[PDB]
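As structure tokens, one chain now follows by itself in the form deposited without this ligand.
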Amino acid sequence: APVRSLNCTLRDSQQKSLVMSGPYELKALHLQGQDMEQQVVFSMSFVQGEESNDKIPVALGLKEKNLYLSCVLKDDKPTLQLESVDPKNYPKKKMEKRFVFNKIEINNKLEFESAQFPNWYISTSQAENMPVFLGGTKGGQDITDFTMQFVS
């Protein structure tokens, strides 16, 4: 059948919102009131991959954009990028592994682990207006926990 998808927003565990601020640029900042319209709306697709009760493979596309978060090596490091795709072919159920995140639910928070790079996670900095990135631990000073808000 078709791939199933939900519209949503994400906030980090400091309640920082995610916004587009430049070509293929994604930043986290504290937002409230009118400025909240700036936040990115995702289409979260439920994709093929290894799955358990609390670990669900997803892709994260920008709503009605042919842009997906993906994990690739850049200058020999696992990195997070926005990647353009052919809009005729996406989303699909069998997303390529660079696009797949394991959405993990622990203690009412979500983590998004790269399926391609085990124990690398979508991460934000504690500082305001810094890039969203792929970080090589769910430990330390950077933030690896999120909440989802469902969008109409």
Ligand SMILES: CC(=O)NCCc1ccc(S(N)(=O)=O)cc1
Second form
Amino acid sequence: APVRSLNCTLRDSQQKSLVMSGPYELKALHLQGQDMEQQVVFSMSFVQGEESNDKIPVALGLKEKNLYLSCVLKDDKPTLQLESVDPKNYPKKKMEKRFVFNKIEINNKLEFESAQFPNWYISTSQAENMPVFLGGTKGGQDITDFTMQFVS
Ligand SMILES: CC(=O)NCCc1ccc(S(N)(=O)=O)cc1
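Mind pulling up the form solved in complex with this ligand next to the form deposited without this ligand we just looked at?
Let's see the whole complex now, leading with the same chain.
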């Protein structure tokens, strides 16, 4: 059958919202009130991959747009990019590995590990208005934990 998807927003554990930073980047900033319309709505697809009770493979497409978060090497480093796809073929259940995140639920928070690059995580900075990026430790000063909000 089709692939199943949910509309959602994400906030980092310091409660920073995610917005577009030009066409192929997201940034994280503190948002409240009218400006909350500026947040990206993810279509989170539940995709093929290794799965356990608390580790669920997803793709983070942007709702209504043929864009996906993806993990690739850039100048020899695992990086997070927004990648365009053929809108006729996406979403699909068997998403390519660069698009897959393991959504991990620990202590009422979510982490998104790259399926492609083990122990690399969707990350934000503590500073306002900095890129969302792929970071190589769920440790340290950078933020690797999120909450999801469901959208109609
Ligand atoms: C049903 C509902 O609340 N839709 C939100 C509208 C909507 C908001 C944001 C985006 S995006 N992916 O471009 O950031 C798409 C649609």
